[PDB]
Each structure stands twice: as structure tokens, then as C-alpha cells.
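Colleague: Spelled out, the chains give:
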Amino acid sequence: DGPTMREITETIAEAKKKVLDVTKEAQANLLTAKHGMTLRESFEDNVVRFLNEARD
Amino acid sequence: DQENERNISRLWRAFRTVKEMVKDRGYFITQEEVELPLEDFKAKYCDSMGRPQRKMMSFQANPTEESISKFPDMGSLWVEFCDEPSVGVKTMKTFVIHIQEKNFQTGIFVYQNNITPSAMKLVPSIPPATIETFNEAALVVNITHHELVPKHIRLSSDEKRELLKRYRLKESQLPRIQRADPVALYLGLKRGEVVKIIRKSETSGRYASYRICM
Amino acid sequence: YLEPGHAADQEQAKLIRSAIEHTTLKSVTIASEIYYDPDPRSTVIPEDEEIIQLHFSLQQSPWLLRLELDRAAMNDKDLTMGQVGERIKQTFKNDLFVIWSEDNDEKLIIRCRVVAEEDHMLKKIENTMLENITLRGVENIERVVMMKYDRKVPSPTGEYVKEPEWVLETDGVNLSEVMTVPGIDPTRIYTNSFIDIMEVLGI
Amino acid sequence: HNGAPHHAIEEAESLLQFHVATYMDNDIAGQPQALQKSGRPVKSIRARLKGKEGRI
Amino acid sequence: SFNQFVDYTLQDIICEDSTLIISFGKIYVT
Amino acid sequence: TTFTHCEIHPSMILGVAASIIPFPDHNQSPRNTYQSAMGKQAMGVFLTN
Amino acid sequence: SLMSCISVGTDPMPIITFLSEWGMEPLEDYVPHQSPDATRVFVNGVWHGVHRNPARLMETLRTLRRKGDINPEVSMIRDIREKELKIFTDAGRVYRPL
Amino acid sequence: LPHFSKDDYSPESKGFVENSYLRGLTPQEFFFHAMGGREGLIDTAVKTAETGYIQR
Amino acid sequence: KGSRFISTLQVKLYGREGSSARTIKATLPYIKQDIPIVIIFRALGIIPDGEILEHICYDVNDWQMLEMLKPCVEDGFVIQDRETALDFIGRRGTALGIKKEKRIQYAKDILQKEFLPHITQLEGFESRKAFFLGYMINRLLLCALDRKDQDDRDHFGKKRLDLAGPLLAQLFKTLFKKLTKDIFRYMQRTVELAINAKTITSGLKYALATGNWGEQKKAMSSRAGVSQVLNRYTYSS
Amino acid sequence: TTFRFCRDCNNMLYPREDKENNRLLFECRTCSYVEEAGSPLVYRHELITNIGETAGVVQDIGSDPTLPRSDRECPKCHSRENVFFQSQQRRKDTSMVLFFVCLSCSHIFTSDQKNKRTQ
DNA sequence: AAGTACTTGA
RNA sequence: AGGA
DNA sequence: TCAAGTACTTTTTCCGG
Ligand SMILES: [Zn+2]
Ligand SMILES: [Zn+2]
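Protein chains in written order, with the entry's author numbering: chain A, 672 to 727; chain B, 2 to 215; chain C, 1119 to 1176, 1187 to 1243, 1254 to 1341; chain D, 281 to 336; chain E, 50 to 70, 90 to 98; chain F, 736 to 784; chain G, 540 to 637; chain H, 784 to 839; chain I, 246 to 437, 446 to 490; chain J, 2 to 120.
Treat each hint with caution, since some may be false.
Claimed, not checked - Computed cross-link-like contacts, DMTMM-like style, restricted to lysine to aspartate or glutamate with a CA-CA straight-line distance of at most 20 Å:
id : chain 1 : residue 1 : chain 2 : residue 2
1  : B       : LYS91     : B       : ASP74
2  : C       : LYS1261   : I       : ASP320
3  : I       : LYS393    : J       : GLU28
4  : H       : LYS789    : A       : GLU685
5  : B       : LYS152    : B       : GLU21
Calculated directly from the structure, the hints in this document are not laboratory data.
Turn these sequences into a full structure, and let the hints steer you where they fit.
Modeller: Written out as C-alpha cells, the structure is:
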């Protein structure tokens, strides 16, 4: 559907911002790593998890 | 107080497991004797400072009325603890001749840290009696109690002879338990002795396997 | 798996996590330094001028081994300057005189002195200190995570009900040791290394 | 059987040891590969019976 | 690749260690 | 505003075989890896001589 | 790929001659603490020396190749952060036109 | 890729294919899908022989 | 081009991350042991510490990299002049090659011809070869200090493709030199124009026909599959 | 740390304690040179390193096209023209904090909102 | 791609 | 040298 | 006497010139 494609695009769009927000949060040293994981390892886990939740 | 209290807990947990093993081997030990609490343990084997006196702990055990039915020649056992972290040929010769004079069949040395190779030479020196060396730390936890560890049962010479007859077996053909196997040690299995392992089954409900000793 | 009762208590799990997960003096240290501080009763470093004043009131090497500890790191693997220094003092016995800044004090410091030729001696004492000294935990057992695994258990009313519990997950194995640990269930403990299960619990 | 030049003997012996050796196994640890005049090494009896393709 | 080899590379190979107690000059490819 | 160079055409990342694939940007990654193997076993005119 | 080519192999000497003429201090005369920020110059993994203002050198070398004076199959890279200039006359390198 | 700025942890830089197969993939999306694709083909080819020996 | 000395130089950082005395030694071509960098530098001519250190570390405000060079200095401290350094290099064989004059003269040749054979195989280029060794240690320590990542073995820019020409080059070279020794064999024979042109033709023909890129009908290890028959199923094929 | 060499040998200086006057010296093991120490600090280990963060910041750092740009106002000159990168300390642990270099004043400022720097 | 067996210096 |  | 490298071992689905 034409409107379901609008809805799909905006689902990815909002998930892209959910990533940017975590990206800016980690760039500002505000991110707090999960026990037994790098600050980066923790960041990527979130990014990957957002983009996959999004793809679904 | 500090971190002294924890070595007390450990020595007591290790003691329970010794009583547990001895009862399980077929020796007469009460349940209340096993279930003895830590408070009662301190107020028995701790000195005029709360320092545990291992010399006091040592005990003799006797075959349950039931045991003399299956294994008649099953003699008396002597369990010896040591207040010395390293056990030398001097403390060993005391215990070794003790089992020989007091006509014991078996004896267990629950050592703290180590038994010197000098003292270890005296272990097979007094047959028909047998000697066992147990590092206190191994016995803090009873392995037999663990989820994955099933009921092992020692078979009499007659019971084994029958198992072999019933399945038309040579001893070769039986699945094997190693002499050094944690349970083979707990039970005090000797070479050629057979264990009947009764396990639960997702298939049958109850399944009985057998193992011959190494 | 945790002791029968206190299975839903998060702090009980947290407590074991700390008691089991391996911690070295290396993991808490920012940097170690060797200074020539000849007077044992007074320091060249003005920062330390206070640390001495106290750990004196209520012979030794003129060569000082000074290590700055990371406050943030001392928190994650919960630790006291006292308990850290205690390990050091108990490691090197009466042949290494240790002093330390308080947990409250703005910068975290540990001052060490020995009991001709000493420069290299201290570079060996520092190597031991970083690599050999164990603070908390069981060896081989690294990254220890907490997990709230779901557990199907019979309820009083008879029916099997979801009663989840706190479970520890390791990155490394030392069966003999973590089993003898207080506060856990040594009747439930499992390892993906079956060679270990064999060695400890039998064939 | 002739005038044994004694070294020339342990020299001729060692070579017989080599041929009787390589006839059975040609792929030995001690490097020379008893190569047929064509470059191609001689096929050992061991080689014949040796796993997947060949005898057993 | 082949052209760089013929007109260039080949002339160089022909005179690097070439000269013997007899020297090798310019190469010609028919 | 830093661009030192520009791509002639992105489709040039492809080699001989992939270059016969119609709309390869519309296929699952390996389905394309497969056509760049089959076209080599397709019959046609190999040379006019 | 369709546009890909392989470097056939050129002569390094005209570039080594050109470089020394454009401000390249020879390695035999280098003194690290005197010129410490000196961008180090390499031609086929051979350290030839250093150059004080690489910005200009890179520009002169770039327009030398771009004009045609340096063969267009020669590779030249300026890794500013690492303070390095690597040049390849080298045969084998896979190149594409942009 | 050289089409990106340095230290780019964005979805588009690290391989997120936003598009459907119907819409078509961008040159980057195509190459990243290709990298990911090639990984499968490697294990598929490897697993095939590794798995065989286990069976044996 | 010419000979192609496949000599590879390794500059090893001994000791693990947390081991006391972290030395830097290097394995030289036609040399048994691994020489501590400092001896190599003195054998090159760069004799005092700090002159050696100046070649490795280019910033006197980088105590980190410098403290890391303090072991090496202590390691090499036993050797003090160019001679004693060369002798130490010569001692480690060869096999050994006993004679004092022999070992010192050996190591001269190795540094000249075998060690870092690009740059030069000429004489007086100690300055260039030592500054390079120093550039190597700088890069070794830059990675060890977590300032640079370990090299990507799979970077395409660090890979070359030997095409039809160089393939033929390696082969022609092998052949012409086999011909060169055949010309010398007949020149010796003339104890007083019979040059087998077959070797070159037949050799090139053998390789290009079999795909066994190596001398000759006795192929292994010769590298096969190099030359194969052109696919003619379809034009794109 | 910052270590000295012998003026004469140029060979490195090793410490030696003046037991008589309780002061540190640096001696030369090639000759007989001896100088008094400048600092009481002999060796510094540094486990949690911050040196190599703002690595290779040449005055040409703005000329690299591969570098990204931003409109973040500079602390010194307030110029919204700057290049940025992350901690060049190639370690696993390392935070995603950014280092901005002003295209005018050339001052190195960070995006860190936990701490305050100078490098 | 991971072993068994054997030999080498602390 | 290819095919599943 | 025992850790560590040494020799040196061995496999890898199925089917035309
Ligand atoms: Zn001096
Ligand atoms: Zn500014």
C-alpha cells in the first residue's frame, strides 16, 4: 500500500533518530556501559538492536 | 572474629560430608549426627579462643546391622583429621600402626593441605587393611548430592557374579568406572568392584546401568 | 544457581557476583610510580603530606613505590582502599611497609617502601603487585553477569508456576572452587565444559 | 665377496636399506623421496593401502 | 602487461648478470 | 564540501559476468553470485569464425 | 571490475630526482630533534628523506601526474595525521579511474 | 567506503540496507549486502566438507 | 628486478604485556640468533645511546616510548664500539665459521648485501639503513603503545597482481641464467655458436602449456594452474 | 619522566643514591659523569593512558578531506568551522568522545560532558 | 586445525 | 576443468 | 624433576581431458 509505504519509511526514519540520539549520548560521555562490556560494545548492541527491531 | 569464622564453616561443611560418606558407605551414623549444626560444632571442637581442634574431630565407625548381611567381612573404619596443614611421616606412622594394632579393615586421613611423599609411602604398607587420603577442601561440598550425580550402589561378590551370569558377561564387556572417579572414591570402590547406577529416564522412567572399577 | 531460599533477592546475587568474579590490583590502578623519597617521616610529594601525618600517629628504603587507583574502577568491582592495601600488606608480609590514602581523600594513593642496590628490586615488587595480586574473586572466573532466568516450580496450590530467579553466568571455569563458595546452590551448578563435570562430579 | 673396501660396503648396505625402505613406504620423515627418473616419486605399498581412494 | 615485458623488461633481463669472462647487447624480437 | 573525486558510474564495481544481470540491485546477494557462474555455461555465439 | 587496470611498473629515479629538487632533505643529513614535524618521504618502501612543507610538495606532485609529467599509473598518498608521504612506481597495484 | 567521512557510526555507513528489494539497493547498500552475502557462501562452502567428516 | 633476495626482516618485541624486561631483538638473514637492535645500530656505526634513541623516537617529549627503550639500551650496553658489535653479529653463524677476522668481515657483508636489501646493497648507506630500522622500531612501539592498529593483512592496497608479463619475466630470468651457465660450461669445454636455443623455447613452451611455472619436467614445488585453456562456451565466458 | 644523557658520552643516565647527603644522582656507566636529579620521580608506569588521544594534530589537519566537519562554536574564537575525530588511542575500552580542532585558532576542544580537558 | 609423542634446559 |  | 618447544602426525560430502 501507498500509505503503508509512508508508514514503513517513517518507522525507519524514527528508528534512525533513536540511533542518532544514542550516538550523540555516547559522543558526550553520558553513556554508561553494561557490566562486563566496553562502552562501545554497549553502544553497538543498542544500535544493532534498534535497526533490527526496525527491520521487523 | 574476621575471616577466621569462614574456615570454621568450611571445616564443619567438610565434616558433615565425611559423616554423609561414612553413613553412605554402610557405617552406622545417625541422621541427627550428620545434621549437627555449626553452633554445636564450635561448642565441641573449638578451643579456649574459637580455634578448631581437628585432633578432637577424629572418630571410629561401625558397620550398620544391615551392612553385615550384604558384606560380612566389612570391618571397622577409622577417620583421622589433622591440626597440622602438612602431614609428615611422624604423624602418619602414629595413624598407620593405630589401624594395624586396633585390627581395622579401613582408615581415612582427612588432610588439610598436603601429605609429604615420605608419609604417602606408608599408605599400602599395612594390608589386609586399606588407607584413604582426602583433601579436606574436596569434601567441603558433597558431590553425591549434585543434580547430575545418580545413585551408585556397591555390589557384593555374589551380586556381581549373578549380574555377570544373567547378562552372559566377561568383566571386559561391562562399562567401566575409574578407581579415581569422584564417586568411586566416595564409596571407596576397589578394583573389580561393581556399581549399579540407578538413573531417571525421559524414555523409561528409571534405568539401571552397571560399572566395574579400574 | 543461588541458595534455595534467597533466589529472588538481587542483592544476594550481587553479593556472590562480587565474591566470585576475579579482580586484580591491575584492574583498579591508573599508574604506578617510583620516587626517591629519602625521609620516611616526610614526603617530597606535597599531596601525600597529609597521608603520612595520620598513618603515623593514632629503617626502611628511601625508594618509594606510589600507585594511583581509579575511583570509578574501585566502584564497579566494589572495593575499599583499606581492603586493597590489606591484600598488598598481607601479600608481601612484614618486608613491605604500606600506607594508603582514605576512601574519602580526593586522590586514591598507596605508598610502599621495602625493609646497596634497590631500583630494580621495586620494579619487580610492582610487577608482582599488578600481575600476581588477587583482590576479590576466584581465578579463571572473569566477566560475571546476573540473569533473571524464568523457573517453573510447583506452587502450594499444586500447579506449576513461573517463579523466576537470579542466576550467575561466568566467562571462565574453575569448578572445584566456585562450588565450595557460600550462598550458592552446589546441587544445581552447571558448566558447558563437561570435561570439568567429569573430573569433579564423576563419569 | 670380493676385496671389501669396508666403507664402500657400509655405503652399498645403506642404499639397499633405502630401497627396501622406500619400496614399502616412500613418504618418510627423512626428506629424500626416491623419485622415479621422470621426477614423479615411486608409489610405496603403504601409499596403495592409504586412506580414501586405494585398497581399504 | 605483455607489451611492458617485450619492449622493456626483456631488454633488462638480457643484461643484468649477463656479461661473462662475452657480453649481451641489444635484443631484437621478430 | 570536501569531495576530491566523483564516481564515473557505480555500476562499474561489477565485472564482466555480473554486468549481464538485469536489475541486480533487486536481487538477494548470492542469487547474483550464481548468475555470475551460469552465464559461463550458457550457449550462444562465442565468435563469428 | 570493468574499469580496473593493473600498474605495469615505472622508473622511480625521475620522481626521486624531482623530489630532491622540490625540497627533499636526504636521510643521510636528517637530524630528528631539529626538524621533528618533518613529513617523511617514501618511494617504493625506501625512506628517501623528509620535507618541511609537504602541502605544496603534494600539490606540485599531483599536478605533475595530472598534467602527464609523472605517469598517471603512479600512486602518491599524503597521510597528514601520520606525517607521511608514500609514492608507488610499483607494478601489480590495481587502479580504477575516477 | 571512500564515499564516507571518517568516524561514521551511522546506520548507512555501517551496512543498514534501508530499502526493499522491490525499491532497489543503493551502490553502498549493494556492496554491503554483497560482503554479508559472501560470508554465507564461505560458510556454506566450508560447512559442506567440515560436516561430512563429522558424519564419517 | 635482478636476483630477487626473498630475505624478510623481523623486528621482535620480546616479553608479554605484563612481563618485566621487554627487550627488542631482530632476526637477520644468514644469522642464527636475534640481535638486540642496539648492537645492530653500533654495527651500523650509530654508537652512543641517544644517537641510537634519536633514530627510533623522534620526540624527546615522549617519555612513554623512551622508557620502553631503556631495556634495549641495557641489553646492548655490553657492546660498545662498531667492531665488538660486528664480531657479536659474526659469532652467531653462518654455522660459526671460527676465526676472529672471519666473523667481523662476514658481519659487514650481511648488513651490506642481506639486511634491508632494498634502499641499497651498495657500501656506505648505514645512515639510510639505520634510520629505516629506527622507523621500523617506531612503528613497532606505536602499535604496542596502542596508538596505531595492527596492519590489515587483507588490505587490497598492500596486494599486487602478477599479470602475464611479470609471470613470463620470472620464467625468462630462470631460463636465461640456466643458458648463461650452459654458455660458461661450453666456454670451459673450449680449452683451445653451440648455444642451445632449445632451453629458452622449450622452457617457455613447457610452462605456458602445462601451467607448471617452474624448471622443468621435474615440477614440484613449481606452482600449477597459472596457465589454463581459454573458455569458449559463450563470448562473456 | 623526561630523562637526560651524559654530556661527554651521550650514553644514557642510570640513578645512584648519595647515601651521605640523602639525594638522588644520575651516573654514566661508560665514563665517570654524575649529575644531581631534577625530579624525585624516577619511573612512571601509566596503565590508564590519556597520551595519544589528540595524536598527530598537524596544522594541516583541516586539509584532510576524509575528515568530517561541524558548526560547533569554538571556546577561544567562537568559529563554527572545525574538523573532528575520536580518541586516536587504538584501545578497546576507549570512549566515543570527540575532539574538535578549530580551523582558525587551532584550539583542541572536546564534546565530553562528564569531564573538562586542556589537550 | 588441532593434536600425540618426544626431547630440552631450569 | 565443472556439476548437486 | 617438570614446563615448554621440538619432531611430526593427520583429516576434509557426492558425481571430464
Ligand atoms: Zn658518560
Ligand atoms: Zn577557535
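Colleague: For each hint given before, does the structure comply? Return the numbers of the non-compliant ones in rising order.
Modeller: Violated hints: 1, 3 and 4; rest satisfied.
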